[PDB]
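A.B. asks: Residue strings, one per chain:
There are 2 protein chains.
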Amino acid sequence: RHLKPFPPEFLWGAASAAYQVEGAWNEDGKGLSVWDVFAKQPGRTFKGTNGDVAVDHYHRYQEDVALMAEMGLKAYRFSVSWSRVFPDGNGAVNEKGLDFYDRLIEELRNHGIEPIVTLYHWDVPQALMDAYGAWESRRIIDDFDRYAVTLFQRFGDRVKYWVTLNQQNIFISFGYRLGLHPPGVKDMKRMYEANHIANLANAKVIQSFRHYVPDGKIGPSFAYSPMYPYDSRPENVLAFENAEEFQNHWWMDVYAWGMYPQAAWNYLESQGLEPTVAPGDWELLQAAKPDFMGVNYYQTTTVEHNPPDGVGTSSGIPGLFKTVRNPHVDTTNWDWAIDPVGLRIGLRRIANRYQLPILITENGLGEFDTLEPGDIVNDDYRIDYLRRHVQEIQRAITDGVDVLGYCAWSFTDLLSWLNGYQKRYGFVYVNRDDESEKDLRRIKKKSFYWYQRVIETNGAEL
Amino acid sequence: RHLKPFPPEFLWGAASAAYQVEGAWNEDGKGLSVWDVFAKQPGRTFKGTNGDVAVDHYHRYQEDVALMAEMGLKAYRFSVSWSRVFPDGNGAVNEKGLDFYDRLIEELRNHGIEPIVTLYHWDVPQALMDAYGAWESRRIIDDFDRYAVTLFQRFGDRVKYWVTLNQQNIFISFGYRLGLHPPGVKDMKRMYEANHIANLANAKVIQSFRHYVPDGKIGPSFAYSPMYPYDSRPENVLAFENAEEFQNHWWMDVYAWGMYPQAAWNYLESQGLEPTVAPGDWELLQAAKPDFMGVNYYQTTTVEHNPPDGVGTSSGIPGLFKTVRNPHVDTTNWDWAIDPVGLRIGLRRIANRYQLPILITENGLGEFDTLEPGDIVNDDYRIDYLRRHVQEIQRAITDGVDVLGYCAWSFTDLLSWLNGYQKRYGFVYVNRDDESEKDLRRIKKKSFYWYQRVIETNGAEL
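Sequences listed follow chains Y and V, in order.
By the numbering used here, the letter at position 453 of the first sequence is numbered 453, and the numbering carries on one by one without gaps.
By the numbering used here, the letter at position 149 of the second sequence is numbered 1149, and the numbering carries on one by one without gaps.
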């Protein structure tokens, strides 16, 4: 069988997130985000690392975009820091904050790079948390909408591709179930309420987008780990049904269809955990169809039967499923699976279930890169990982999946949320570590030139 | 987690098919069906058995319904023989034929049993095959519709529950791909064309039903073998994605959504096998939503990766999937799988994908039964099989699946299509075999009294 080529306007991209790259945490009128405050709690982050400076992209954006142009990036996906635009979340707009993103967008456009604007990457202004608990209040729906509309009005003429909430399942679960991210809560009831409010905020902004950006394309981005059954034991296949619905359809069915899946809903209702539904909620969720599903992909998860007295290392839900190591995939140095075929499977599942085009918003390999003499970083491991995933994307396109683009994570090295800087993701090495910012100089890794070649040839050599 | 009860009006049922039960093949003006002709080809059926007499339900229906009432059946699902109603397929209606079904329905209603009328169980009149090739011609769409409308007009006041095509995937694949059933064709291109025409006929009759039976409930019934991947190897999970889409979504997505799945469509198109689509086809298919999905269930199927030079014993499609024996399920004495959990999985999949209620239209165990002196048939093996499946249905209901009822296959023993009478399915033994009709007497098996107790307790005592 002949593989289809990557389509002529395929968005060969790379990506970042505002807190992870920008720095300038208190400059030009920017307000505190929940992450500014959270990361300064003693013991919260590795070696106290935080986003005060990060890799200083706020001041170094021209150099970074020049490197993107050298690579030939077709697209750069970044997030807008809400606290730069509305320092208090609501209230007065900050023109200096908007001006940064205007300058960034102009730099991208002048180099022929398509901006992909991500509205929300986990950094709600602290003032909204202080006033009303941020994502736990329906007040955020209108406040988020006002923020999104501001961006649509200022940039809609120059930005075609927009992502709304990026990895809602992560910021909600880590913030309200695991207590690892702000606000550090461990309460499933609160988690599902905040999640429902985030669903409504997503739908509201997509509705607004139709008014302000009539030729644009918008969608949420979901952190998707496709589930596998361990084997053909019926109870393991049933565990897979439970896991795919509870972990994945719980979000994507709301995004695509405006409806929560029923078995998961009934389980939550039996635990007293289902969210509070107000009149108009279903109408709003169902009327806000996205143009694409964004997918952040790193690995699949294999599951097996979990008795009601079982696991609550393996994780899972008693009576539903538990995770188990997949003996048939390679692993990273952090026990993450390497499963490029799993990306093809996830793309196929989204096309098969929702018939949506897909934008791959994040995929990449984190590793402890060594800077060798002469400013050389030989990251053949990153090249191998990316190559295998891009090859599987081409197979998915050949199968009939409409893949709009692929954003490698990340363009430059960046600050991780809790683990400092040493596990690096970039095509561009940034000379700093957990102890100091050093000189923050940018150094092209071997993978930079590999991806430059991929883009130049539209993937045709892989 | 305690199990939910069966809902108060759950349709505890049993089922049959006209050719398998009725006899009276040439009585009261009945025309030839394709099965009358096919089964009389020498060598086609075991010991030349055929439906001339079968178990003689046409003459013995009063006794059979009296037995249903003794059991306390809530519902009896049967099929109407098109050739009794329109002996030439189109043309003049045969009032004597309709009068048989009127008498049957009156007997059921007088005993408080819900009729479930199945429009089509594989017995298109031979005259339509002769005139235009039956299911290979779009002419059948209107002819089938005129037949269905006749039934809706005569019986819609007394019949709430209707099934349209029963096991379309079987009569189409066995008739046009495997050549096992009429018309005895082995041609995939013809198979997919006839299948598309059957899809249009199903949609047309559902549209007619909305006018003639506005308070009724209608759906197609699909012979569902849910697919499992052999293990968590990514290539085997991908084989599972392909197989579930090709074998199951190919039909059920058309029934529920009016759309063929895209990866399967593109594969067929690459082989020159996709059906011919006419203007208006998609609109019709999308405008005919059913009230429920009917499910005929016997077993799951496990699949694994199949190289492009591989299997086309194992069956499959090269480059997509091949079947493999599942080591984790039991087998019958005929080496077919027994997988009651697989029924729960299939029910969960239909609810999760389509949000449809499900009527289980067929499930049962075929086995040699021994008639012991005193008219005793001890079939504990059949009780075991049915009990395990009903238990899994109760678990699916507890999960949140809306199951409308369960029709055990079958009420009385019946004639099999190709294999005679000895592998029996009934709650009621019929005293005949492959060599003679004996006295055709009905003898209640042990399973009859077991199911009587199931119904009395609404499934609380299994």
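Please note that a few of the clues may not be correct.
So the derived label-pair ranges between C-beta atoms look like this [unchecked claim]:
#, chain 1, residue 1, chain 2, residue 2, range
1, V, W1257, Y, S436, 53 to 59 Å
2, V, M1259, Y, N90, 39 to 45 Å
3, Y, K4, V, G1312, 48 to 54 Å
Derived from the structure by calculation, the hints contain no laboratory data.
A virtual CB, placed ideally from N, CA and C, is assigned to each residue, including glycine.
A.B. asks: Does the beta carbon distance between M1259/V and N90/Y stay inside 39 to 45 Å, or does it fall outside?
C.D. replies: Because 43 Å falls inside the window, the suggested range holds.
A.B. asks: Is the hinted range of 53 to 59 Å satisfied by the C-beta distance from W1257/V to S436/Y?
C.D. replies: Roughly 58 Å apart at Cβ, these two residues keep to the hinted range, so it holds.
A.B. asks: Just to be sure I understand the hint, the distance between the Cβ atoms of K4/Y and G1312/V should be within 48 to 54 Å; is that true here?
C.D. replies: Violated - the Cβ-Cβ distance for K4/Y and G1312/V, about 24 Å, lies outside 48 to 54 Å.
Comparing the model with each numbered hint stated earlier shows that hint 3 is the single one that does not hold.
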